[PDB]
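The chain that follows stands alone, in the form deposited without the ligand, written as structure tokens.
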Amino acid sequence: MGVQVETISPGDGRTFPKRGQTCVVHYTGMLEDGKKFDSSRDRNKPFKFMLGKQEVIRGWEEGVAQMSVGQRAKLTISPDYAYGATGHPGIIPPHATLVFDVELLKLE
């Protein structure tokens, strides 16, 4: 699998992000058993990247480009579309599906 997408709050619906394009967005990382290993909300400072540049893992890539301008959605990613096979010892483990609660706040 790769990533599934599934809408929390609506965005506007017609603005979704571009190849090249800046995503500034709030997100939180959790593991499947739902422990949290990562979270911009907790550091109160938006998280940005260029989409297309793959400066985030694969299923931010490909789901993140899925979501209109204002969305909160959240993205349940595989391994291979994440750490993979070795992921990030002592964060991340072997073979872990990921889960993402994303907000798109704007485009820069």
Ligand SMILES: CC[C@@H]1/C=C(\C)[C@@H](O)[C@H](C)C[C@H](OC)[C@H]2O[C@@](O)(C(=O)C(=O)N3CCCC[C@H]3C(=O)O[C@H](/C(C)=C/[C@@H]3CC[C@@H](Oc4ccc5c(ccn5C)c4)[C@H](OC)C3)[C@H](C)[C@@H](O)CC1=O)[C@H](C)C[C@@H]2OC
Given for the second form:
2 protein chains.
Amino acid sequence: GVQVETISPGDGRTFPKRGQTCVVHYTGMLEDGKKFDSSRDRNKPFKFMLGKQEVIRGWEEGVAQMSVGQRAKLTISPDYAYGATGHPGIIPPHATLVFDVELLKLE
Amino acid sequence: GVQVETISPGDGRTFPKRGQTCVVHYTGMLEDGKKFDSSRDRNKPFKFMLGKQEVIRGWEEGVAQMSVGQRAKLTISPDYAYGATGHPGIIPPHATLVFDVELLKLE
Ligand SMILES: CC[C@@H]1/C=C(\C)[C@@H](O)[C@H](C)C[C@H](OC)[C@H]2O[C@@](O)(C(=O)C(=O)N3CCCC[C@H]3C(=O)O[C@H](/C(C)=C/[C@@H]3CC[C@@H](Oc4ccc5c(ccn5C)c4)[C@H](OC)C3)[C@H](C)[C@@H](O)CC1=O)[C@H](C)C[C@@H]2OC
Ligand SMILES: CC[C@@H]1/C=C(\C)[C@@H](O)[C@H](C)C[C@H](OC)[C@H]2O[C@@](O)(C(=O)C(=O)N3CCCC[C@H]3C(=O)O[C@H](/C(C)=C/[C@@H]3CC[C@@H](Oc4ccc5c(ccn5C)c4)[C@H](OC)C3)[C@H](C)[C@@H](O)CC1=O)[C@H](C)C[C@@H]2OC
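In place of the form deposited without the ligand, the structure of the form deposited with the ligand bound is requested.
After this comes the whole thing, all chains and molecules, with the earlier chain placed first.
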């Protein structure tokens, strides 16, 4: 499933409602800590809308449990990411993904 | 140890007292460029009291010698930061840290 280990607190009340835009800063890494991507390097946060086919299942369930301002370690099991087909390039098959996500704001 | 590089000229006179609240803004990155945190992006300045063990050694000493209004680049050595274990998911062990901290004001 999708794991959520909170490390930094948000407001603990405002959770993204289905249909809102999420502005997050993340760092995705392989099970062995290999940083494969990071929005913090591009200095541009990732803006995705909740509900529509925009994020891998893990992100859909994970972020939905987060509150504005919170930062957590999402450990997404293979079946909730790509796993099967994997992802040409940096995501090998049946890979467990760890995401350091900081929910910046909800619009 | 810890190196302090005065980026912006501060007050030159007002320095933090053991017990006061330092209101700062900062970004954190590693020697290899990679950033890992930024209060500026989340629009919420970091507040902490000096000498109350609310922050790591580097910040404790490095900030203690920063006058108000001053913006400095802190080059904290692992033993003053998280030398032994680092910080799970975000900081690796033995890593040296670079902090762009701006002393906004005191409380
Ligand atoms: C430019 C394109 C466009 C990409 C952008 C907007 C970029 O700007 C953003 C910043 C993405 C990054 O670009 C640097 C980069 O970020 C990663 O590094 C990453 O960190 C990541 O994991 N992210 C991104 C952050 C949210 C979680 C996850 C994601 O959700 O990303 C989404 C993703 C990659 C989903 C897979 C697509 C293929 C499906 O498989 C299918 C499904 C249907 C299919 C086929 C084939 C035919 N059909 C019909 C295959 C998979 O289904 C499990 C799901 C991604 C955001 C898409 O929604 C949108 C895009 O495609 C990815 C490792 C690879 C990704 O792209 C490099
Ligand atoms: C609970 C969440 C709480 C978080 C908040 C309130 C957030 O709002 C604030 C804005 C922090 C940020 O959250 C986005 C985030 O900021 C970083 O990104 C960062 O930039 C950083 O480096 N910062 C923060 C800015 C000041 C300097 C430094 C710090 O000082 O941060 C402090 C820190 C991380 C100290 C370590 C604590 C454990 C000790 O281990 C010990 C030591 C002694 C011990 C034990 C166990 C028993 N004893 C006696 C364990 C380590 O010992 C070297 C030192 C941080 C402010 C903690 O005081 C309080 C928290 O962690 C960290 C990379 C990770 C941290 O998120 C976590």
